[PDB]
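Residues per chain are reported as follows:
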Amino acid sequence: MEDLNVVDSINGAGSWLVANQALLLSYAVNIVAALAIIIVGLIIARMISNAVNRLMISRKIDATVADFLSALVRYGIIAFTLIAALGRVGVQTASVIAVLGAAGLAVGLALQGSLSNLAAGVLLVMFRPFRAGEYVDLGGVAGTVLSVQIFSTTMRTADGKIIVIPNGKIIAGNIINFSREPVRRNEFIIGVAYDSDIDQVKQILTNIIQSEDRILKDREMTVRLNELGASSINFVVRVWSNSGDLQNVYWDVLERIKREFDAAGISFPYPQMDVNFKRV
Amino acid sequence: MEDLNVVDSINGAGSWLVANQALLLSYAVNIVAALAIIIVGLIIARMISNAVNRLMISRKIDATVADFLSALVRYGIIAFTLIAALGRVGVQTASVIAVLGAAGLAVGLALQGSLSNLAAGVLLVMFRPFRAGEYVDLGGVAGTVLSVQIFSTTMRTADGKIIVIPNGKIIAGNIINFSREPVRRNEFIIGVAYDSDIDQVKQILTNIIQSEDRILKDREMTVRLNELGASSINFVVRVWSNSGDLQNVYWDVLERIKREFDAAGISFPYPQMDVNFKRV
Amino acid sequence: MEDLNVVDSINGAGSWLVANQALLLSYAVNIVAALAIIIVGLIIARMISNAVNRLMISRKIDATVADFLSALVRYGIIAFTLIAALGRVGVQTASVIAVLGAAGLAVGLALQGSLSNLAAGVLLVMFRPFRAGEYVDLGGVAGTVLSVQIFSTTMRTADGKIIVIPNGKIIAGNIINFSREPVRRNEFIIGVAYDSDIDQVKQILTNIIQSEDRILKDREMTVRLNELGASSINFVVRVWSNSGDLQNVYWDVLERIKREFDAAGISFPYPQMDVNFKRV
Amino acid sequence: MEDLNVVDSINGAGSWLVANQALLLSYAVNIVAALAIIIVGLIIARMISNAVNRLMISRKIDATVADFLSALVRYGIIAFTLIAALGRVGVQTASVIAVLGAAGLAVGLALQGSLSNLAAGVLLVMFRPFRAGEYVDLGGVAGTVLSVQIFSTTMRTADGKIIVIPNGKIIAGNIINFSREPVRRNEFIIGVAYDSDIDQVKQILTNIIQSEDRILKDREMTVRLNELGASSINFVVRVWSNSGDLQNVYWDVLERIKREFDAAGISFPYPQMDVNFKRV
Amino acid sequence: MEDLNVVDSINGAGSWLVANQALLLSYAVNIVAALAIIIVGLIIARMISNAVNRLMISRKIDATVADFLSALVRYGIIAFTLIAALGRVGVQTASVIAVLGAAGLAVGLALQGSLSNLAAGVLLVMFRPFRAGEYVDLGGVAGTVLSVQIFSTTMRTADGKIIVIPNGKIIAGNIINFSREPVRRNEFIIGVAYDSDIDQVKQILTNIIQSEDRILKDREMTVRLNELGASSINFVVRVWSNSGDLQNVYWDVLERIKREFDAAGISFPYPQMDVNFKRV
Amino acid sequence: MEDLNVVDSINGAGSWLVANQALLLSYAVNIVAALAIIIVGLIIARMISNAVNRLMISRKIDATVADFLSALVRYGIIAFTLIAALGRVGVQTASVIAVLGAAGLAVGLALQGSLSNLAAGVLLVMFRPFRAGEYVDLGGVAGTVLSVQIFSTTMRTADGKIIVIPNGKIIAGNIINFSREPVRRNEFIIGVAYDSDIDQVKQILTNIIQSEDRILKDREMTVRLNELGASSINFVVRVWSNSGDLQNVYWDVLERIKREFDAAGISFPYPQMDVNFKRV
Amino acid sequence: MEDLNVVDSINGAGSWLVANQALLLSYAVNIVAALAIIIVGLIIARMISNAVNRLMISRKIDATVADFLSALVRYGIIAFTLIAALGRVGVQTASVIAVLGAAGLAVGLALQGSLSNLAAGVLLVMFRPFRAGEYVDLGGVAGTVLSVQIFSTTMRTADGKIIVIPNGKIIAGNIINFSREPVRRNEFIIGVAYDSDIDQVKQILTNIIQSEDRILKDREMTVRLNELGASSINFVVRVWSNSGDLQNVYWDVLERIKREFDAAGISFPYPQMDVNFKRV
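Chains as they are written, first to last, in the entry's author numbering: chain D, 1 to 280; chain C, 1 to 280; chain B, 1 to 280; chain A, 1 to 280; chain E, 1 to 280; chain G, 1 to 280; chain F, 1 to 280.
Honestly, the hints are just simulated from the structure, not real lab data. Among the hints, erroneous ones may be present.
[To be verified] Quick list of in silico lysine-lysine cross-link-like pairs, DSS-like style, CA-CA up to 30 Å: (1) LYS161(D) / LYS202(E); (2) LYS278(G) / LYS278(F); (3) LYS161(D) / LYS258(E).
The whole structure should be built from the sequences, with the hints applied where relevant.
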């Protein structure tokens with residue numbers, strides 16, 4: 001062979017070229033493939049890193065982070081190409097794979113919580129437990145909805161204050177809808193002197209509630225002496241009425257009661273402390 | 001060989017074609033297989049991405065998310081095909097596998113909590129601890145059930161307000177059924193002047209409870225002086241009666257008591273503060 | 001060879017059939033094995049998906065979920081067969097393996113909590129800390145046991161209300177048994193005027209407890225002035241008696257005491273507020 | 001060759017038997033080895049599944065769970081044998097490995113908490129912070145030990161009520177030993193009229209504590225006016241004495257004090273509310 | 001061959017050189033490649049470890065940690081090169097890979113929480129729920145924003161005190177914006193003698209609110225007797241007005257009220273305790 | 001060949017021995033190596049399982065757990081040897097590896113918490129924030145140190161009660177050292193009649209603190225009227241003094257004050273409730 | 001061949017040496033390489049285990065743990081060498097790798113929390129939110145900084161007590177700086193008789209604040225009647241002034257006020273309880 005007398009000495013006279021052509025050429029094929037892969041990945045990364053910016057800038061963005069992210073991802077893709085080259089030549093990169101995988105796991109964990117809100121949003125969207133037009137509470141947070149979307153929900157307070165809350169939080173909690181039900185019960189409590197007649201007061205109260213229309217006479221209308229306290233005996237009342245008027249009626253009756261009790265001669269006592277007196 | 005004098009020079013005269021036909025053809029078989037795999041996966045992904053939409057739109061859906069998800073999954077399947085190609089040509093994609101696996105782990109973690117509710121629902125369904133017709137409490141949340149399903153349960157409040165709660169939450173908590181048991185005990189407490197006779201009051205109370213039918217005379221009927229306070233000595237009473245009438249009887253007895261005590265001459269005192277008086 | 005002049009042209013005249021028969025046949029063996037595996041797995045999955053239903057329907061089930069689960073698992077098994085085929089032809093499915101493994105991890109995490117209750121149940125069963133016939137508390141939840149099983153335990157309340165609680169929860173908590181011990185101590189507190197004689201009261205109390213049989217005279221019977229308050233001086237008492245009668249005796253003594261104190265001339269004072277008086 | 005003219009046609013006349021005997025026989029060796037492995041594993045699993053029962057039934061067990069577990073583990077071992085067979089023939093089972101590994105991870109997580117108690121038990125055993133004969137508190141749970149073992153510890157309450165608590169819980173908490181120390185301090189508080197002489201009271205108290213033997217005169221004996229309140233001025237006292245008698249002495253001194261103060265003419269006042277009076 | 005008679009004895013006369021040239025040379029190629037890789041990685045690490053410092057020192061830094069980190073990362077890169085060498089010679093380093101991967105996982109977990117704040121910052125930035133110029137509360141922390149960035153946010157307190165809070169914390173919480181809404185409601189409560197006329201007071205209050213301009217007459221203006229207390233009957237009032245003036249008006253009205261009530265003859269009573277008097 | 005006419009028939013006359021000697025012998029080498037590995041591992045495990053006991057029994061141990069652990073680890077090592085054998089013959093044990101790895105992960109998780117205390121101990125040891133001779137608090141747990149070691153720390157209470165707390169717990173918490181600082185401030189509060197002269201009292205207090213030596217006149221000595229209270233006006237005082245005498249001086253001054261105030265004619269009032277009186 | 005007639009019988013006459021020289025020599029090369037690796041690793045571990053001690057002892061250390069750690073790490077490195085040997089001979093050690101990796105994961109988890117403090121320290125160092133010279137609070141822990149470093153931070157209390165807190169804890173919390181801002185607002189509250197003139201008091205207060213210089217007349221100076229209270233009507237005041245003098249001025253004004261009010265004839269009332277009197 002011309003291999004090892006022109007470009008090399010006659011090393012053992014053991015001409016390797018024709019004997020091991022495939023072997024010696026395997027390295028070369030590996031090498032060429034590698035470098036080609038490299039350059040193509042490079043140009044691709046450049047193009048794409050600018051292209052994503054091209055597409056995103058139309059949408060709402062910030063420039064600094066846009067640039068930072070595009071450049072960083074570009075660099076990472078590059079790294080990918082590199083490891084592939086190393087693998088082709090026959091180097092052990094499993095360690096590199098391991099470390100980068102650990103990094104991916106760590107970042108996934110870091111963002112997990114945020115991601116959960118995404119999940120929550122999707123879920124509630126398909127389920128539609130409540131809608132923006134509706135008025136509800138999400139647990140300690142009452143007020144009307146304004147909008148609901150990607151990661152957070154937007155609702156207004158009775159005072160008007162706007163509040164925002166993440167989706168992941170709310171789904172975990174319990175939920176209450178008032179809009180979905182038209183009618184609701186109402187409750188009242190009263191306290192009076194022990195002497196006073198329970199029957200008189202009872203029928204009085206009755207006459208009042210009779211007087212009202214908005215009440216649901218169909219539905220029950222309970223009036224009892226609930227329980228006994230230390231200062232006053234305490235009555236309870238129950239009614240049903242449409243959600244819309246619930247508050248108003250709630251106020252109205254109370255005024256009525258006050259007027260009617262004084263007319264009746266009844267009284268609501270003050271805290272009563274009894275004493276025994278001795279001089280010393 | 002005709003290999004390296006027509007399409008190539010006489011490179012070492014070492015005709016490789018017949019010598020390494022299998023070797024040189026291995027690349028080609030890899031290549032063709034790869035590209036074929038690619039295109040088939042592509043058309044499949046297209047078809048399926050539209051087909052899932054076809055099937056789902058019949059069901060309740062939102063268009064934006066439907067499109068988003070279908071397109072995204074389509075793209076992902078595509079990616080799968082790509083990596084397979086790279087593998088056939090003989091590139092090291094283990095890093096890619098690692099990163100995508102980390103991503104899958106992260107997303108699974110993010111949605112884990114939601115998924116738990118699914119599990120809870122299935123479990124309770126087969127176990128059937130409670131049923132929609134029944135009235136129960138799930139811990140701080142009393143009211144009647146309305147429905148129970150995929151991830152959440154629906155029940156009504158005594159006031160009527162509708163509430164919803166995730167399944168995963170409830171299973172963790174303790175559970176209480178009232179429907180399942182027909183009868184329940186009841187309790188009462190009373191407070192009186194120290195002077196008053198305990199025997200008189202005792203037999204009085206007794207006579208009352210005797211008077212009632214709904215009480216379970218079979219079952220015990222305890223009446224004791226529970227303990228002594230700072231203002232009044234305090235009695236306790238116990239009874240049993242069917243769940244349905246429990247509340248009513250509870251009210252009835254109290255009225256009786258009030259009437260009977262005044263007849264007896266007994267009195268419930270007010271808070272009593274004793275004093276010693278000196279002028280200065 | 002007849003290979004490449006009948007079914008093919010004379011491509012390099014390099015007849016491959018006899019030269020590479022094993023090689024060219026390897027693909028075929030792979031292929032046939034694959035498809036065979038496929039079909040067998042398919043029929044198996046069909047049979048088994050119906051068979052599990054056959055077996056389970058005898059037991060308590062719901063039809064919708066039964067069908068859903070059987071079909072889903074059927075489909076999954078199918079998928080298994082598919083990947084095996086792909087592997088035989090020589091495709092890289094490690095990515096698929098990775099993603100499905102991530103999914104399995106996620107679901108395991110989701111159900112982990114529920115599973116913990118299983119573990120708890122098994123544990124308590126072999127340990128037998130308490131038994132259904134017995135009466136205990138599990139921390140804030142007192143009442144008698146009714147039954148204990150797979151994931152949850154069932155006990156009754158003193159009021160009769162039935163309650164259910166998951167096994168995983170209880171094992172974590174502390175546990176208290178009353179049935180296992182026959183006898184228990186009891187405690188009492190008293191408050192009196194500062195003027196009153198401690199020795200008189202002491203011997204009185206003593207005489208009372210002497211009067212009782214159910215008390216364990218063998219065991220200690222402590223009677224001290226525990227400590228001094230702002231309104232009265234406060235005594236304490238201790239006794240021992242069998243669990244069964246514990247409550248009754250507890251009540252009995254108190255009645256005795258009241259009677260005996262008035263006979264003694266002692267008194268339990270009311271809250272005493274001293275004053276100094278000046279006119280302005 | 002006799003291969004492909006007797007049992008087969010003259011397919012390409014390319015007699016494969018002698019040419020590829022090793023190759024064609026490799027399949028067979030794989031196959032035979034596989035099936036043999038299968039059957040042996042089967043019989044082994046049967047024997048062992050019954051053998052474990054044989055051994056365990058001697059110990060405390062429940063039959064249902066014993067059977068369930070033995071059968072389940074038997075089945076699992078079987079599955080192992082199966083996958084090995086599949087591997088020998090040359091099928092890709094890595095997916096199966098992955099899923100079963102995910103399952104193992106999930107179950108380990110589920111039982112982790114329980115297992116922690118095991119760890120705790122071992123630890124405390126070698127460390128021996130406290131012993132069964134001793135009396136201690138583990139944080140909110142005071143009472144004497146009864147026994148300590150595998151996963152839980154057993155102690156008695158002062159009232160006698162038996163309580164059980166898991167080992168994992170306690171090790172986490174703080175721990176307090178009374179037995180290990182023979183002597184302890186004691187504290188007292190007092191409140192008196194502002195007018196009264198502090199020196200008189202001081203020396204009085206002193207004389208008392210002098211009177212006692214059980215007190216450790218060697219150790220300090222502090223007596224100060226701790227601080228000033230709104231109703232009275234408040235004294236503090238400190239002493240040391242052996243654990244055993246600690247309670248008794250604590251009571252004794254108090255009686256002494258009461259007697260001695262009345263003799264002294266001192267008094268403990270009641271809550272004093274001053275007033276200004278005007279008529280309207 | 002000249003192999004084993006010059007440099008070695010005639011070991012079995014089985015000249016290995018020409019027979020196994022490729023085999024024996026494989027080791028050598030491995031070896032040379034390895035060492036070359038080593039040295040290049042070394043020089044690279046040196047250069048880069050200094051280069052990063054060169055670049056970072058321009059930015060705000062601390063020298064000690066800068067040096068520490070640069071040196072440590074340098075060393076780690078070195079380690080990478082080493083394992084690659086070991087792999088080429090044909091040693092099993094999978095254990096090393098495993099341990100270092102476990103370490104990476106641990107560190108990722110340790111820093112996860114901090115990293116979460118990064119995520120939060122990015123998210124809020126693109127979402128822009130609130131802006132620095134605006135005044136808001138983040139839950140228990142009210143005050144005006146100053147700046148928001150990488151991991152933390154900076155806002156000022158009403159008192160002026162500067163406060164800082166991590167981003168990860170806030171995103172989790174609920175959020176409230178006042179700037180975004182121009183107008184808000186306001187509330188008031190009042191308490192008066194039971195005797196006093198509700199109509200008189202009502203119209204008075206009305207006249208006041210009429211008097212004000214800043215109030216939104218368009219919007220509702222509620223005036224009711226909210227509920228009844230133990231000492232005074234209690235009124236409520238509601239209004240709407242721009243955020244900017246909200247506080248001022250809130251104060252103004254109150255002054256008005258005080259003046260007007262005394263003019264009216266109304267009075268706000270003090271806590272009223274009723275008594276019954278007996279001498280003993 | 002003599003292979004298949006003596007010990008076998010003339011199967012295809014295709015004598016395999018000389019043709020495939022290496023192949024057929026590979027199995028044998030695998031087999032012999034395997035069994036040898038087995039037996040050696042066995043004897044090793046026996047020896048070592050007894051040897052560890054030999055070494056440990058000298059140290060403090062319990063016999064039951066010693067035996068249990070030694071036997072269990074012995075068995076596990078055995079298992080290792082087994083899997084290696086299976087691997088040599090050419091069986092797929094990756095599943096076994098997976099399951100045992102899952103088990104190791106689970107146990108590591110279970111013991112993690114305990115292990116954390118180890119870490120804490122090491123850390124504090126090198127850091128030496130506090131030392132046994134010193135007196136400190138670790139958050140809600142004040143008292144003097146006794147000893148600190150492997151997993152827990154030991155300190156004494158002021159009352160003398162011994163307490164133990166795990167290391168992992170404390171490091172998490174905040175830490176407070178009193179020994180490390182020689183001097184500390186002190187605070188006092190007072191309340192008096194509004195009429196009384198602030199200047200007189202001020203100079204009085206001043207004269208007192210002047211009277212004391214132990215006070216650090218160098219350091220500030222603040223005396224102000226902190227705030228005006230409800231029943232009385234309230235003064236504050238500040239001083240500095242060595243830790244050792246801090247308590248004593250704190251008491252001393254108070255006595256002084258009491259004496260001096262009565263001399264001054266000042267008084268500390270009682271809670272003052274004003275009234276308005278009307279007969280009905 | 002001389003192989004199997006001198007050192008062995010004529011086994012099948014199938015001389016293996018020259019036929020399979022490479023094969024039979026492969027074992028040997030594996031073996032020699034292995035043992036060499038072993039011994040070198042051993043000597044290295046010895047040297048290094050002593051060398052680390054040599055280097056560390058200069059720094060602050062404890063001997064027992066130093067020795068323990070050095071020996072343990074030495075042993076572990078040894079183990080590494082061992083597994084490599086086993087791998088070369090061709091044994092399956094993947095199980096060993098798995099278990100040791102699980103152990104590494106467990107230990108990383110155990111120390112994770114501690115490590116987090118490291119991260120926190122680094123972060124705060126580069127960010128420099130606060131500096132040692134400055135005075136701040138970290139949430140419930142106010143006092144001046146002393147030093148900040150590796151894992152913990154050191155600050156002094158107003159009382160002087162030294163406190164230490166881990167870095168990981170603080171970063172999580174919210175942070176407050178007083179040093180960074182020069183000026184701060186101040187607040188005051190007052191309560192007076194309802195009769196008293198608001199205008200008089202208002203202008204009085206005004207005159208006072210006018211009197212002061214340190215106040216920022218530029219900045220607002222609010223004086224309103226905040227709200228009407230129960231026993232008294234309650235005023236509020238606001239001011240701004242430099243941090244340094246904030247406390248002093250805060251005290252000064254109060255003294256002024258007291259003096260000026262008595263001069264004005266105003267009074268701060270005591271709690272006023274009204275009564276109604278009847279004899280029985």
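Hint check results:
1. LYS161(D) / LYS202(E): holds (28 Å)
2. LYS278(G) / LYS278(F): holds (9 Å)
3. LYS161(D) / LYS258(E): holds (29 Å)
When each numbered hint is compared with the structure, no violation occurs for any of them.
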